[PDB]
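The form deposited in one PDB entry is given below as one chain in structure tokens.
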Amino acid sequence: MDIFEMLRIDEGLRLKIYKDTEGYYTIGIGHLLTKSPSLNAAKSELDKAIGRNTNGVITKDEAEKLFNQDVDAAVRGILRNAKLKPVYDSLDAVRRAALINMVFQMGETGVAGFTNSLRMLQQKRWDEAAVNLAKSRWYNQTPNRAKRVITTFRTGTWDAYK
């Protein structure tokens, strides 16, 4: 298992524009296109992202390309963020993947706000962090995903993705 396979499990693959769990236009492996309610605005973002007139449909290779960029962006986002970098650097590789997964889903700013959770993780108080992480809109709106990510933080194993 690795961060790419983990996110493929959590995000799926869809080759036509769809709405994500928040109702936002998305394509591929959870590539958010726009928060605009305009499908035309989403189609424009898509064409700009892929470099061609897609008519709202892409290939698997194209979806994987955007996914690679998106994972890269989440990691670089963590490393540039004063609140996330220390926590990331304190973690082992498996738990690092759980943090990348959160940032991929919610964005750098949204995760960096989990101040109390981040502290517990930095302290390696795993059970306490797991309890604190679940007291969140995140957990309540996407509980099965959040449970998987939290299990990964709590255990430092990939058991939740087996």
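Numbering follows the first chain given and starts at 1. If you superpose the two forms and keep the largest set of C-alpha atoms that fall within 1.5 Å, you have the rigid core. First, how it differs from the form deposited in another entry.
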Second form
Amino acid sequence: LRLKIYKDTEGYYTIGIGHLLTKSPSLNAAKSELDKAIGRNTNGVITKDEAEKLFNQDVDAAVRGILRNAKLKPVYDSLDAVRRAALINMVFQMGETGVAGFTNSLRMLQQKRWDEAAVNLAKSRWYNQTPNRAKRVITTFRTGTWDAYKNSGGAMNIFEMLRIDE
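We have the form deposited in one PDB entry; now please give the form deposited in another entry.
Here we give the lone chain, stripped of any partners or molecules.
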């Protein structure tokens, strides 16, 4: 919940709840992208209300990306509400295209084969780069519960979930 510009684990300027601003190594460019999104000269600082609006727009986009993708929509429609949030999180983090590439894992979710889907996902580049997170997401896919988020504050929705993962 950063109201001020900060860098993600890859060095990219960002703000709020994981809202990427630019890949450019320039705070000037980052602030400029920020002003357009907010609708006022921010000098790199936004309010709690502004950060939440960006967040809600980012979650809304990940769902739209899912519904628009031929490989994800079928899987998403077949899932319970908690497992849907896990899929939403993966898309929010890597994009519809990235998640669509997990053929087996997705096929396994479609067939309610939780364990196998968890096993495969752990065998990904995604998992190797952000394991703490992928571990919580995969446990959510495996159990259909928010149990993996309890120690870090708890979560009952995608909003509280994403708040913790990034």
